[PDB]
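Rest of the complex left out; these chains stay put.
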Amino acid sequence: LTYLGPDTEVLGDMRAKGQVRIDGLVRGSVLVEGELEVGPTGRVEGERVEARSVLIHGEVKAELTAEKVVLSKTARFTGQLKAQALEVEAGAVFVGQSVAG
Amino acid sequence: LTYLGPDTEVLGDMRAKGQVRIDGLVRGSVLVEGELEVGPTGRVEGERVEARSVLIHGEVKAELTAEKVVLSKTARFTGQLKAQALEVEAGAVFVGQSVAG
Amino acid sequence: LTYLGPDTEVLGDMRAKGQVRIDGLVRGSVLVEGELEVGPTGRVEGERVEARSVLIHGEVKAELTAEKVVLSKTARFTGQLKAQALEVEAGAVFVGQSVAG
Amino acid sequence: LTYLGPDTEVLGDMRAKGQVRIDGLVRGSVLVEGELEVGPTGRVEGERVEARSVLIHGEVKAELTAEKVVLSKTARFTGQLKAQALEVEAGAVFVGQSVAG
């Protein structure tokens, strides 16, 4: 597990393994092997968010790439995407060219 | 209601009103005011699919635009998109740049 | 079955199979295998209306061709015709050269 | 709380708040307000490790600055230091000029 707090602004290229929950901020690119969660006030601003299963509940602005990109009602995506199962519930402002299926 | 059959290949620019269920084929652009459904073997190949609520269960290849673009497990999107609530369940090969939220 | 609504203006060459009921409009040529009905406010404006049994209750303007061309009291034909049993009831303004029998 | 895992190599300048436990790696400078812990396999390689209470149990190589710099038996410090209560237990290879008291 790698929990970040509500106010944990990490500049630079975070490289993690295992289950991650981000609730703070990331300025840079996140490279996770395992489950990822962006929290409700979390923000992952950068270029590369690569994971295995992403649960977006806050904001993301990067060229995200995963297997299962599952979202929530208050999510906010931006940028490119490359998944295999783009599961949006209802209320994502999903702005950007994606590939799936 | 405007039901099209399983094998009803309509060339040209279909312009409908009310609830529509397409299960056949459309070669051209669909302009519907009301609920729209593409059936499981349906295909809407063209450029403009504009509606109010779209339920995709087959294939679409056009610059779709709606309010609520809700999909199914066996859907297959292609092309641009412009919605307000992009609700994908799991298994859409959603290929193309979208705007939502 | 392929029901079109009262206001379903389909531009282009509709190609259907099975029982069809048109009540809207067609701009183009209708190619149906099976029973066809033009509704009371329906209009099939074009060139080719080919079917197996046609029930005209609105307006047609094309080179219709069928087996049994049965009409109604408020029908309005225009153009050529080629049937095998031209069954008009009373009030068709049947304008155009026909072959039957 | 902000727990990092055993293998969470964060490049860049981590800026956190609250209780932090680092067990992975940091390439860069750590700026924490609150309790800090470097885990046994943790390493904080960089220039600036500023906190309020630091518990070193692995390796640090930076110009650390805190109030209470408490260590463990297997700790390994390097670089400058500026504390108010430098509490080393026994086995730190504490290499570098310090100010305390």
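Here the chain labels run A, B, C and D in written order, and each chain numbers its own residues starting at 1.
Note that in this section contacts are C-beta pairs under 8 Å (C-beta built on N, C-alpha and C of every residue); 3 or more make two chains touch, one makes a residue touch a chain.
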| item | value |
| --- | --- |
| Full complex, copies of the single sequence (shown: 4) | 11 |
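Everything below uses one rule, namely that only the chains that are shown with their structure count from here on.
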| item | value |
| --- | --- |
| Mean-CA-position distance for subunit D and subunit B (Å) | 57 |
| Interchain centroid distance [CA atoms averaged], subunit A/subunit B, Å | 29 |
| Averaged-CA centre spacing for the pair subunit D and subunit C, given as whole angstrom | 86 |
| Subunit D residues counted as touching two or more neighbouring chains | none |
| Touch relationships between chains, expressed as pairs | A-B, A-D, B-C |
| Complex contact set, residues of subunit B against subunit A | 76, 85-101 |
| Residues of subunit C touching subunit B in the complex | 1-5, 7-18, 24, 27-28 |
